[PDB]
Amino acid sequence: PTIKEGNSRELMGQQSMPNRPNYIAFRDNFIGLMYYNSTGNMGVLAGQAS
Amino acid sequence: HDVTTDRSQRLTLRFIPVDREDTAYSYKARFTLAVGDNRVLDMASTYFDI
Numbered sequence: 304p305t306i307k308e309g310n311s312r313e314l315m316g317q318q319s320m321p322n323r324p325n326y327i328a329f330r331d332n333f334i335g336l337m338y339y340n341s342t343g344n345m346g347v348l349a350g351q352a353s
Numbered sequence: 054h055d056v057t058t059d060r061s062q063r064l065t066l067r068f069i070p071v072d073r074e075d076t077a078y079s080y081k082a083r084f085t086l087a088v089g090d091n092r093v094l095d096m097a098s099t100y101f102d103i
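Here the protein sequences line up with chains C and J, keeping their order.
The first sequence lines up with residues 304 to 353 when you count with the authors' numbering.
The second sequence lines up with residues 54 to 103 when you count with the authors' numbering.
Keep in mind the hints are simulated off the structure, nothing from the lab.
Every residue, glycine too, gets a C-beta built ideally from N, C-alpha and C.
Any given hint might turn out to be false.
[What the hints assert, rightly or not] Here are some chain J residues pointing at chain C (derived, C-beta under 10 Å):
{"hint": "1", "residue": "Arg60"}
{"hint": "2", "residue": "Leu64"}
{"hint": "3", "residue": "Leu66"}
{"hint": "4", "residue": "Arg67"}
{"hint": "5", "residue": "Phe68"}
{"hint": "6", "residue": "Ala77"}
{"hint": "7", "residue": "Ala82"}
{"hint": "8", "residue": "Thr85"}
{"hint": "9", "residue": "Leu86"}
For reference, chain J alone in the conformation it holds in the complex:
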């Protein structure tokens, strides 16, 4: 009981950037993501689905 979650939590967050910018070479996106108030997030598992 002193380990992994028992309450409901989704493993992944299928997030979409708010604003878009396309130009000659760049494909800019300013995504506004806040990490959940208790839960943590790993950077090696973070990617982009294009």
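Chain C on its own, in the form it takes in the complex:
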């Protein structure tokens, strides 16, 4: 209820409430690293001569 610094009368009626959760994790196979399908950063993957 109050703008005042630190503590003031009405901040006794103040309440706390938990943060929203965010699971920093990876996908069902975690694919997002290798450029498998991307036309730019694709792999040649050829021979020592050919």
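Given chain C's structure and the hints, the job is docking chain J onto it.
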């Protein structure tokens, strides 16, 4: 029919050197390239993409 190729052959070979060496002034690379068992290669068309 007594002239240029009809069977499949790529005009260019996008080759990468195996070992690398960098030092004060030199930029050495020992590339291991073997010319295809039938096909020929021109030296005036040979260059380096750096």
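Inset, instruction - Kindly indicate which numbered hints from before are broken by the structure, ordering the numbers from low to high. - result: 1, 2, 6 and 7
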